[PDB]
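Please build the complete structure, drawing on both the sequences and the hints.
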Amino acid sequence: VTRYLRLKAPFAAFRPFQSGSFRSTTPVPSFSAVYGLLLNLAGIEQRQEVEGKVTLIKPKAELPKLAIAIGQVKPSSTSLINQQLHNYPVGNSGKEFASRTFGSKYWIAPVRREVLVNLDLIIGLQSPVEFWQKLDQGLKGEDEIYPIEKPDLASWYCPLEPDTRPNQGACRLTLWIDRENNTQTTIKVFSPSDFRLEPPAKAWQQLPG
Amino acid sequence: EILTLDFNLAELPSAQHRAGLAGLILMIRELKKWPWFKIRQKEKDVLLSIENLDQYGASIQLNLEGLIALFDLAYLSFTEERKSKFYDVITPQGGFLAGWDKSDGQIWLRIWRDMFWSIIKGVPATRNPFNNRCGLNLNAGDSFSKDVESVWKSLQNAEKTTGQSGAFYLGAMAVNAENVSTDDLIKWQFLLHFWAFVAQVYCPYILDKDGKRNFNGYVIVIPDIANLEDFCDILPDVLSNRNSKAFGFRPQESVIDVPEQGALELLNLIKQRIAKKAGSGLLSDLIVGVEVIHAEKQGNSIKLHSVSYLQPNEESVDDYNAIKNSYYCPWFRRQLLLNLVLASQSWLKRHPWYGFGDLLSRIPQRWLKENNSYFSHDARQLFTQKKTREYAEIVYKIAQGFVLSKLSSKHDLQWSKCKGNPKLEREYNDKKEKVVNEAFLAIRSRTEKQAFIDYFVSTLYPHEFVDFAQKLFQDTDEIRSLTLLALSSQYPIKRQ
Amino acid sequence: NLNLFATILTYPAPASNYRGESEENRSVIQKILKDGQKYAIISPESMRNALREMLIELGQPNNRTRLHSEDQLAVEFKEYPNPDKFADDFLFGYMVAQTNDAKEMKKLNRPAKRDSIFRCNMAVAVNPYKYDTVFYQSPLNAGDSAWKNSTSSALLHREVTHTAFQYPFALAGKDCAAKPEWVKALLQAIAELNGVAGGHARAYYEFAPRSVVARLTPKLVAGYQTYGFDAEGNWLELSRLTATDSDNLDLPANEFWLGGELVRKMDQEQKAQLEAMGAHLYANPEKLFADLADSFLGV
Amino acid sequence: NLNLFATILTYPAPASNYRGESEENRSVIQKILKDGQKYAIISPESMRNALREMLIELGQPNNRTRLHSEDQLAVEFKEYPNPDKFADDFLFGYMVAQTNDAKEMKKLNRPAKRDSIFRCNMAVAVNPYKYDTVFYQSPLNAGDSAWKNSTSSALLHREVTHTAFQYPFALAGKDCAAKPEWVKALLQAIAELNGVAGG
DNA sequence: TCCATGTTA
DNA sequence: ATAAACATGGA
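Those protein sequences? They're chains R, Y, X and C, same order as listed.
First residue of the first sequence: 1, per our numbering; consecutive thereafter.
First residue of the second sequence: 1, per our numbering; consecutive thereafter.
First residue of the third sequence: 1, per our numbering; consecutive thereafter.
First residue of the fourth sequence: 1, per our numbering; consecutive thereafter.
Just to be clear, a hint being listed does not mean it is correct.
[Unchecked claim] Below, in silico cross-link-like pairs of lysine to any residue (SDA-like), each with a Cα-Cα straight-line distance of 20 Å or less: (1) Y:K32 to Y:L48; (2) X:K31 to Y:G355; (3) Y:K449 to X:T163.
Hints are computed from structural coordinates only; laboratory data are not their basis.
What follows is the structure, encoded as structure tokens:
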């Protein structure tokens, strides 16, 4: 890796991909979300932004190549703070609903979901010099994030093989997802490793995106 | 026709599919033990063979008649009569579970059956398969294969995509924030038809104003399988080693209080069986994770309450094994399970349960606290299950000294003489009650940083050993909790 | 070349918002385990709704009404938001319609999908909850009336507390320059917020500005993090005064004006002379936001 | 077009609100925390009831009254005779059911919900109190003419404290339908506000 | 696509 | 205390 930078945030939420009627969350963000956040923070606009019923139709032909890991310093708890969020009905969709048709989003119904009390992340990116330079220009050029790479090292994550039973692992995770018919991502489960030493090469994952 | 299917545990996205594989394998194993099954095999040339059964993969070979037989066995059902203040209700047979529930009246099965109607098939349009196979006699050659042919056509190309229906008991057709549909595989959707037979069911409840348990919905427990062959060998006796004592019309063990309690109970039974059944690895080597679902029906709609993922650690199992020893645990001391969860490893040792234990106890049970003492409050937490330890012990000494000395100074009557003669115990005990509850209620309210310490004058009213103000003036909560709880230790014991 | 963002605080008063999720015969409020304690919170959706209500109250045109319906809560009186002008004041204009207005063939406007301006955070209390409780009479309506009576009368109870709230803006960018008048009106509406929560008419709590202080150059937010502050003290003052004394040359205090309403009463001269002669005027939030708008029209 | 709101206080005297929610032997008053101290409370429902009572007294049309002749206290004139055409202060009482006066649509086109013009708030003290303050006494029984037969024979306690307290209120601005005399009569009733207490 | 219906210890 | 605001696959 070239260098890595640290950040923290008080509140966040990471929905499982089509969790269901009742939402849920995961202790750590997905790799795809982190990749998108880093791409946007550099000021790189999305490669494709066509419009229609849906979006996110992304070929890999023109897209930066890069390798990302993930880290974690302090465990955080979870809470549930919501009572309502409307939806789009399935069924008759009778009476007025069919009468209005104004970007409908009618039939408000109650539903709850989860939030994270606190969040802090440490990992950065292994990338060529030009990409890091333009990322710095996007951050500084024409909540809070800053590089403390060498000190302040904490635990990390890594894919797990059928041995060495881990503790408090993440149930599911996403690598590269497109909102269409596909095979989604291959590996789901991940395992945390606790040691104040540089993460192993297995922790680094070369992202296809 | 001959069709072969191969499955790998690593490629499954959810633990539900992993349960489905084990359910299908157990279905085949149980079906292989029926005379009518082999009669149909030798008559209609039924093909059914497990090829490669190991820890990491599975292989199956089957024909159309095998699918017909499996759907005949799985979707078997009959009709039962119930009364109203009369009507017929169709009830599923239960499959291989009927051959394993040795409890009187198959009461466990009943709960399972109830659950199958509560959440599994809340939408009645999905009840069609059981309607057709009601009253059929597989020993008499009764069979049904109309729906089987469509499934066979679909399975002819299992790699094609499809759409998830409500047969998956989580989510909707698209969740419908917008029109998204969903993604799944035909072979993967086939596997979900049988995992419901492996899940565990428990009945949660809430406490009313009168303290009676009001049951609402169910809690479903799903295991995550690591070694398939070991799991399928051990479960048949795990189910058979369950308790049989029933409370009312439900098993006593079936009553749980928190969603995580059933997860601990299942793996506790597994740990009992691993001592009973040797030759397998540790619990982690058998179960990777536990899934807990809280569900309940409301009208023509189904609502969820909690979804979570647990861990199989045994040190928590050892602690949990202690709670069942105490008989008729009060619902307040029961909240000890809540505080079971480099920061929170040893958080239980401070017992900070005064707050939430008091919050609920205030409202409806300040009236009911005089009733049966909730079985002596498990001897008031078994009398703290017996200088910081000395700091805890001096509170117990001081409370007893206060109550005895005050009751003596009031009328100079001693329980030593009272126990000697009959017909005078309850008159003494009534004064004891009315002298303890007033002080307990006085400490119940008027609690803050400074005013609380001034009430210690009353505690030592009829009145080294001083070098602890550096703790008393700082905590103000642990000491308050101890003085509140230990004061109830001197509360009278019940007559019986 | 940015949009400034700040943090507001409210005068203490008893809490009003009951957040549903009622269990047995009590109404409760959601809590957060910030440091193992209890804290009352409010979701940003209520603030968004209240701000839009004040925008419609001030007379600014809009195309959406949430009216009290007899059957079930719903929102209506809305048409196609074809122009960005005359609608929704450049914010919160979602659309998920599958077939609408010939998409863009005759609409000829941007889809207005997944667009937002002035994304706001959520409010947090400053004092721990002490497990309070206040009971409630709640007698039956009648024993002889034609209308129903719920067959009995109960004795309820609810909990209240007095605690201030802090609240960040988080407004940035430079694209919101089409209607500076709309921006000024929105700023005035924020300065004139009252009854933001939908809690209840009685025991009403209102969000009045009280020592709103934050600013930055056209760089992303950092430094004070909008949270991690003490209660009923000088967190504003201690935090940014200490930082600016440590960072008088590291960060420009000329643009980042003064902080704290108490220092407006004492030691104002010393702080001003030691820091800078910048536009650090602080008399009232109204004129403060007026000069913010005056300086913001040029940028 | 014009809004108004004010905070008012009174003169010091012993406490007046009494409910006895704790126990028969010991009576207590509601307590609230404030900066580590404790203070007294008078709930807004009491002031609402008192305002209704003075609107009764000041010769104003009414749509609610009590009976004081039932085992469990209830209200009669609010719900029995009135279809809620015009409330005391346009409070337009609500309640939900399968129907309410023929779905409250055909006979009288009014919304199910209410207006809530008035805007009150909790009343809080200015200085703290401290624990029990006064004793009390109770008789044994009637004796010869046995009709009461309580047979209590106890010496209970009471809680009193001396404090003058204040409270705010607010009023809507653009409400002018049938206002001219109604709102000024309500204001005049506020001016006195005599009979409010828990006892 | 649309238009056929289900209740307790 | 009421107090309420969903799904299947079927020609």
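Taking the hints in turn, this is what the structure says about them:
1. Y:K32 to Y:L48: Holds, at roughly 9 Å.
2. X:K31 to Y:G355: 14 Å, holds
3. Y:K449 to X:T163: 19 Å, holds
Going through the hint list in order, the structure satisfies each hint without exception.
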